[PDB]
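A single protein chain has been omitted; all remaining protein chains appear in their positions.
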Amino acid sequence: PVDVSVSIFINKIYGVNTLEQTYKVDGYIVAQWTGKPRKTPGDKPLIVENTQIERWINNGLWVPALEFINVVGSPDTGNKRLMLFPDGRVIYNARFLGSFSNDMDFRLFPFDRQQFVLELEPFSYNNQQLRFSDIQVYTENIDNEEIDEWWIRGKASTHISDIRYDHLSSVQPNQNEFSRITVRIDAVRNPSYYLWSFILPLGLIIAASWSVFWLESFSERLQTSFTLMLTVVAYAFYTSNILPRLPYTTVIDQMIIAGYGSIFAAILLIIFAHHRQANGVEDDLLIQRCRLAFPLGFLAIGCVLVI
Amino acid sequence: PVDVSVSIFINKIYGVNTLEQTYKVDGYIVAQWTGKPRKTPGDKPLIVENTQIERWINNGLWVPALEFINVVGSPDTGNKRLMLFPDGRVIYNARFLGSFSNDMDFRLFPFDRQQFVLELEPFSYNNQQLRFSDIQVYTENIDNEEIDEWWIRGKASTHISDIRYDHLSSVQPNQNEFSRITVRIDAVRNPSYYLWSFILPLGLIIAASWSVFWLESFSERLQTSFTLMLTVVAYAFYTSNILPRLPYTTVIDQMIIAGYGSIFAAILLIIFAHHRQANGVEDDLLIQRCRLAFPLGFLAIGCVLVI
Amino acid sequence: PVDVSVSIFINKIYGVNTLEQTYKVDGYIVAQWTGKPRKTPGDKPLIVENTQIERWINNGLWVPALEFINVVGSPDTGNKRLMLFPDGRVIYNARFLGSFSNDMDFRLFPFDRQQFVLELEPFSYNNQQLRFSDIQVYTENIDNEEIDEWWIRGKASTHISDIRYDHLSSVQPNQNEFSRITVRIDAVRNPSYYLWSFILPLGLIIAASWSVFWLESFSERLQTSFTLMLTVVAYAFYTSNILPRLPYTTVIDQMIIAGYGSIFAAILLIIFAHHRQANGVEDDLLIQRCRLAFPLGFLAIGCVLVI
Amino acid sequence: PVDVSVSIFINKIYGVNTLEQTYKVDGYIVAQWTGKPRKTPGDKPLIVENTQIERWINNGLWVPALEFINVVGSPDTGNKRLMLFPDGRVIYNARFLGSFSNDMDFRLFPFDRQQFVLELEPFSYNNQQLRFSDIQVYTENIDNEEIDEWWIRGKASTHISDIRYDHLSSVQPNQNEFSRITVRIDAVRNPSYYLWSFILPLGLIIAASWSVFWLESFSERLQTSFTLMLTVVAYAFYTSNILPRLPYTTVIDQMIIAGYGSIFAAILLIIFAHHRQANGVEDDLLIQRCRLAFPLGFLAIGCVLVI
Partner (left out) sequence: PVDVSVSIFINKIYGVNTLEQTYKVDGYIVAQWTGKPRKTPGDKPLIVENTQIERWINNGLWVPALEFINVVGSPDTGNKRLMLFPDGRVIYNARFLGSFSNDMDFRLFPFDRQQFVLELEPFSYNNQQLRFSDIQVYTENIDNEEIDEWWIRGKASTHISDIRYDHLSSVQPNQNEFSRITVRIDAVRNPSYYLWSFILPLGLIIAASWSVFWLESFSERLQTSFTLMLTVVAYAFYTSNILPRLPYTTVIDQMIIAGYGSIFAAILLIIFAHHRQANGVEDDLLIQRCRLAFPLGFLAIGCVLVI
């Protein structure tokens, strides 16, 4: 089991496709291992660049293919470097961009807190043939300055795990198990755009839904309420292209459903108020005085639907 | 006919393009076959990695090209591995991403139940030259946890079929027939997003279409009904970008057509009620009392259009 | 002139980009020719797979490059096969996906009838050096089952034509002429989605445009008509993203222009009716009784604009 | 200075990205030059196809790389052909698709007249090492038949120019200058779609803006005018996705700004008419009679904003 030391320098994280739960990570990967000693020209290390490492591999030099488990497709790799040292150690540096996938949990879409996971593993060599000793992830080029769409909180957690595989049991009897590296970078979404553009107008429209009751006759109350639905429909088609589709309901969508329930509540109370006239002569006072009780009640409802 | 054992490990299924009936499958494919025995360095199996299997193929090593029948383009393959054993068996492991196509049937778009089909077949070698013995599909990394947009129900069904070809009859007289593997993974769509965002507002708008009749004069009934159409038009341009185009009509679209038929029904009954005045003096009572019969009738109509 | 027999197996046709008049065709192409006889190992034909035909080509084996004339870019080819027979014939099988272009005529966009054209031609070898003998196109995997967005009507017509070129006259004096194969697959669009979602609401909105006249006073007639425009504007921004842009006007767009002309017609008749008051006292009866003549007249107009 | 004869056969021009000022050109390029005479097998010219010219180039055959100056990225080249003649001349044929860029001037977006520019130049060889003798551009497969989105007017103008470079002065003292070919194909946009879908409804809405004044009281005039803005806003979000963004204002956008200025003009005249009541008793006649002077005045304004 040859010892391999991995260093992952995360250049930048961007392109968080919330639709597909993918995110593009750019960076560098550096693998250090020690093999047989060899003769180099001088004591200078021998640097082999891209479109030239492949000739050394065809010659018989051992370069492992450290794949990414959670990647989409194949990483659009850039330059690659191979330093052969006269001491006997080999350093493989590479630049990678990749669309990585993760099980993002969108419980609170404005206020989300996920982790970007890079999962690195040897493709063919098991634990008895290649073992990852340690990884230090240099998340240093990543920095939040309150303009970034994701605040990257803290450092990056590194984990060296050992993973067995069911599908390699048929081809390998007892050694079908691979070493693996998990790099988790905890990030929180910047909620200020959604707070200042997609939530405050819901508050204004729901306040308007409270203020619709101030009219003293029923027909233009109905016309006002149908104008409102339209308004709520227009702003519901607004914010229909920013967020993914999940079984449970994200915060913007409870606000939209709360707006729908409000406008309808207005419908049912004005129809009931029109039908409180038992003989067509009794006025509407106790149910028409909901201009201060219904607003506070739906403030409580909205406080529930935010918490 | 050399026996080939195939193991397909489905890593993840995503990107279901309902527009094009394509879906991206990531995974690994492992082909086991047995050829002539050979001399390897030691009893250790010889592992040949990517950009190095091609040299062995050019040397004269037999590696079949197991194509995907239902794939879009060519699969964006990643790392590939070839283990040559001193016993005499060869194991070809490969990582594939592919846009696969299937005849998806969108009878009930919120409540759909399809199957993702991976169709694997040798490209050039017929049944007399290469026969698939067995396939076990390790659908294990796939798991539903009620956040996924598709619930993957049960295991994956495997089928080894034998398929003849008409276009290879002109070039091969009697042996133009190929072995084939069909892997079907039954999946059901998560309907909760469509139920809680795209169907309940139809219920509210159609209930509003029922409540439009409570006004006691005809002109602002017409103005209210024209406001409503607009509302139904706005929400009909909503949900115009989520679903494909088919000959028959999916559940959201019967709800939209039902809304159109409702609003118009409101138009025709209020024009008829205005024209029930035979001499301009007869009032409208029996046709204006549809605030409790028309709603239940269209509840029955909606129950038909959901079932 | 070596005789080449071509067999094109159309796997599936999809992705009809009406914007760009391109469509993606997946399939296989099989070229049969006869050259010098050669010695093969045994009487078994020699099969040469992908990333190995190129070595035979570099050795000196003659493989023509049968290009597609009407393709966009280069076809994303998959696996390729070359059978060399001891008899003396060579069979080149290949799997191709291509974005093909054609002069689509969108006279009736819901009810369109076009033909998908695959135009195949040798890239460098003229008629005196390579002649296409016959083509049989196996359009068999293509089948309509009334869910497909295009019904493929009948078989595929094959045509072997002879095409001269002006730009190759300067480099080739008398033989600048190439053989060519045209494969035309006649298809008709499935109109049921457009009939049941994009035409019937025009009928409802135009019927509403007829029913706008039932109001007995002029000001709220104007307000209703301005609400209607908005409605027609909203549904005109609907269906603005499904169809291409042409000089002449497709069926949906005559319906939209007919709706605009209707609503305006309503404007001009109500302004004229308000101005039929010569001294401000004469009522409006003969021009206000267009609730049964204007609807039938625009039924005739719509029958013209559909036929 | 070796003489190179270029023939560019433009197959088709499409994909005019007005957003990015790029357009995709498909076609063929044929370079004729004369070098040292050579021995070929027979008097038949020797044809070298794609993935085989590179071996001749590595052998020592001189093939220049005729780059495109105004291309986006690298051209997605297809098949390439190299005819070596026993006489001594070499013909390099190639099929190219490219995203080409040009300084498109969108002064009149419905009625635009631009030119598609293909700029071809040797990458490394200056004028003293490679000189373009003549170019004839065979724009023949391009034809307008009044369905195309661009009418291609006339032939293609060819220009052989000589261009110096500042950045190659530091590496080449006196010969840093390259020959160049400019091919300009003048095209005019098909305006009929914009005339019949994006300009006539502006005329109808502005005519409605003229007809808003016919109401005899002020409050519902204001409500009608606020309905109108909404209408103008809805149709202003319509046609927000077809055209690029420029400093000056294209014809659709002067029509939208003219509509905004109209509706507001209606606002200011009805507020002024309500404020012409000096003591609340004086009626509004001279400023309310703008139902025939304001429409003709804004006909003149629109005639200015079209010309």
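Each chain carries a letter (A, B, C and D) given by its place in the written order, and its residues are counted from 1.
The working rule: contacts are C-beta pairs under 8 Å (C-beta built on N, C-alpha and C of every residue); 3 or more make two chains touch, one makes a residue touch a chain.
Enquirer: Just one of D:41, D:42 or D:247 touches the chain that is missing; which is it?
Expert: Answering carefully, the residue with contact to the hidden chain is D:247.
Enquirer: Just to verify: which one of A:147, A:278 or A:286 makes contact with the chain not shown?
Expert: Of these options, the touching residue for the absent chain is A:147.
Enquirer: Of D:145, D:166, D:282 or D:283, which sits in contact with the chain we cannot see?
Expert: The missing chain is touched by D:166.
Enquirer: Identify the residues of subunit D touching the omitted chain, counting contacts across the whole complex.
Expert: Against the left-out chain, subunit D lists 20-21, 54, 57-58, 65, 67, 69, 72-74, 101, 103, 105, 123-125, 165-168, 170-171, 218-220, 222-223, 226-227, 229-230, 233-234, 236-237, 240, 245-249, 253, 256-257, 260, 263-264, 267, 271, 274.
Enquirer: List the subunit A residues touching the unshown chain?
Expert: 5, 7, 9, 11-12, 14-15, 26, 28, 30, 32, 47, 49-52, 55, 76-79, 81, 83, 91, 93, 95, 97, 136, 138, 140, 145-147, 149, 190, 192-193, 196-197, 200-201, 204-205, 207-208, 211-212, 214-217, 220, 223-224, 227-228, 230-231, 234-235, 237-238
One rule holds in what follows: only the chains that are shown with their structure count from here on.
Enquirer: Nearest whole angstrom, what separates the Cα centre of subunit B from the Cα centre of subunit D?
Expert: So the centre of subunit B lies 39 Å away from the centre of subunit D.
Enquirer: Can you give the whole-Å distance between the Cα centres of subunit C and subunit D?
Expert: One centre to the other, that is 24 Å.
Enquirer: Among the residues of subunit D, which are close enough to touch at least two other chains?
Expert: In subunit D, nothing touches at least two other chains.
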